[PDB]
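Structure provided below as structure tokens; questions to follow.
Omission of a single protein chain aside, the complex is shown with its protein chains in their original locations.
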């Protein structure tokens, strides 16, 4: 696994409304992942329906899209070794009832329809979601001063 | 699972003595559950014996009742969807040696006889414990300003 | 100054609504003060008008009483040396615009009409407010295990 | 002082490198101010020279511009009553040696050339800095669920 | 079973460099374990090869020893019931990829070659490492003021 793997993490409107932007960012920051893109956005319905295109037949699809439209979203790209899988572990189970304390949803969420955050489920879906939400010039290239202390190689 | 389920959470005398009232309250508060009743109490011996009536024949019963009388207790009623089961998850395993870091006992406790907190183990036992520790007038009815961001309509 | 001085600290309805019960309690807990009484209450208008009786001629009186009635209040009695004066310093300036970061209002509040918390301004007013909000049996007598490490005598 | 006043807050490259994005955001988030715009950026040299145009003749100007180009910047717009003046108070004194513990620089910074953050010093300079760093479409209009608990009607 | 059990916990050079001494000590402090010895040391290569003598044939041995020499180490001895096994649970899995959020490595580490901390894996090895890193005079004898609230003994 390469240390330049990237994943798309988004703070959903309930996370923004409930004042969780700082804490959620700190979870990935303290773990050692690198923030390479971030923006507060209120994306159009078409973009949100494309983001959740695989769930278009689910009965909760229209309520999911309407709720994702109901407030601002903090869209982020994080970079690090196995950041996709480990990011999902940091977020916790999709349904917060099954999430463990110490994860984001295990500390902050209750309802699956209000699970505060989103994270890419696979490397290929991460590449697709990053391109959907961000322009290439919005990803910032930099090197952390503690890179050699987080990674062995 | 309705959003008005209630559970009884109590900070035991060792949790009060060790200065854990704030942190324990924050665990439930940050998760999104609603505090509907709270009071610091030094309840009578007969109340603690009735609270632990199911363990009256356990060899540690008299020691448990005497220790629960040795200091103040912060009794609380929390309200939320599946707050009984999720409350037990937040508290962690009864024996802290089996609890996971990130839970209350996994972060703060070591001995099973000093597990710093108590939580109702079922909805029916919650209703019993709420009626034992709180008069009905002590439960406050209110609507959280972020209720519609914690729960899906 | 005696180490058994007591003050009345209350988390106002905006503090409860905004999820600040845990953090505020931790401020007094970590400082070394002793919690001797606490209860979540929704007091009647008559009690709130008597609490603020000295402000009955102020133009903001009726709005203050209505806002104090609009949600639950976490009423507390804290005990410690100079807990009245030091408690006021922990809360910060009445108007949060003049409060310093590191105080409760300096960290959590903006408007003077929504300053999250209340604290007794003098020892004699503290004795009056404690008797107004609490029955004598609601004050719990106990001794902290770290009393001799917080106080020299 | 209306509740829709806006200020420009930016986490400088040293604050990003030292992993302070989360904690700094939480300072404003917990205080009750509304995040209306945010993005991670590596802006052009001419933008940073215009940002610090009032200091073009200071001897540290070229060093300041070069250091502000040495890493990513988290640019933010925060909205709230007196957010410009209170924002400066939260940040602390420009020289961290003169800053007080509890402020951002008083908690995290030492050197004036590495004071981890920037904040607009006046309302008119805030409007200038907002127009320089953000397109108008990047400011998101929304209503905080706890607005009526942060501000008096 | 015995509350006087001791284990060797070390903050590795990557943990010191990334400013994690405070948070790591707090994990064991808040849990209820007693610190009986601590020192910041830069031990010679011969001592580190003794410490990892059982891994002398591993292909990562040379890189491990070099990395352990690259910075200061915070050597500690913690005392408490089952502190060896529980200490390992607090640290998390050796490979942070497999660790859970809420543990030290689950909150702060990514690479197995940079897992921030070390903990004794057995009681016998703990006694061996304590004698290797500490002189017998460096272990301080004291009794915590909250010992009877942490343990039922």
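As written, the chains take the letters A, B, C, D and E, and residue 1 is the first residue of each chain.
Going forward, a residue touches a chain if its C-beta (ideal position, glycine included) is under 8 Å from a C-beta of that chain, and two chains touch if they have at least 3 such contacts.
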Given the contact definition stated above, which residue among D:52, D:61 or D:67 touches the chain not shown here?
D:67
Residue of C:8, C:33 or C:134 touching the missing chain in the full complex
C:33
Of E:3, E:6, E:7 or E:17, the one touching the omitted chain in the full complex
E:17
Given the full complex, what residues of chain D touch the hidden partner chain?
13-14, 17-18, 63, 67, 97, 100-103, 106-114
Can you list where chain E touches the absent chain?
16-19, 21-27, 29-30, 35-42, 71-72, 74, 138, 140-142, 144-145
Those residues of chain C which, in the complete complex, touch the missing chain:
27, 30-33, 80-82, 85-86, 89-90, 92, 100-103, 106, 146, 149-153
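By our rule, only the chains that are shown with their structure count from here on.
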Pick the pair from B-E, A-B or B-C whose contact list overlaps the A-D contact list by over half.
B-C
List the centre-to-centre spacing of chain A and chain E in whole Å, with centres computed as mean CA coordinates.
33
Touching two or more other chains - residues of chain C
17-18, 145
